[PDB]
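As a starting point, one isolated chain is supplied in structure tokens, in the form deposited in one PDB entry.
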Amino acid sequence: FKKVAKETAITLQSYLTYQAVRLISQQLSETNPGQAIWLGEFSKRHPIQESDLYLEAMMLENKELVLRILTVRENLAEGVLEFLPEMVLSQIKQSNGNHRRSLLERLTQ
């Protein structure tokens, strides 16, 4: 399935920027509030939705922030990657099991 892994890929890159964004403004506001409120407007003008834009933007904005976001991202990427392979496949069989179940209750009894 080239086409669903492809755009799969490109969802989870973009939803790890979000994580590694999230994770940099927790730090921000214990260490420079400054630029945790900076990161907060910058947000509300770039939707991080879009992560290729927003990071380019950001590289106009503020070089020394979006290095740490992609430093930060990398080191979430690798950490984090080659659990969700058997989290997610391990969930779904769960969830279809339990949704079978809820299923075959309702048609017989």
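Positions refer to the first chain, counted from 1. Each form is matched to the other, and the largest set of C-alpha atoms that superpose within 1.5 Å is called the rigid core. Compared with the form deposited in another entry:
Once both forms are fitted on their rigid core, the CA atom of residue 12 lies less than 2 Å apart between the two forms. With the core held fixed, the Cα of residue 22 is displaced between the two forms by less than 2 Å.
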Second form
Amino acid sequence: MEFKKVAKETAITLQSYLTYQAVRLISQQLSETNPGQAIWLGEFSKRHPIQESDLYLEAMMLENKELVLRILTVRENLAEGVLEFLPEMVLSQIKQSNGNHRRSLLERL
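Having seen the form deposited in one PDB entry, could you now give me the structure of the form deposited in another entry?
Partners and other molecules have been left off, which leaves just the chain.
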């Protein structure tokens, strides 16, 4: 098994996913504080796929510089906050799901 090469791919995916989580947390905050801006943010995201997170951030710089700053900031905090718990949490989630599917497959016999 090619653990490191798959890790590199997974890292690229996770970079975009954590940008998505940052945008999500900021939207939830704006929904209490400035709903018009949360709405604007929601519309921007349907025009620009967060999957292409570098392109997403560059596009936003043309329309809302302050929000880009906020996303980069939150995404950085999130990463630092979350990343070290991930190995255990992901492996645990997979073990649980494996148990679940095995029991369903046994019921399927």
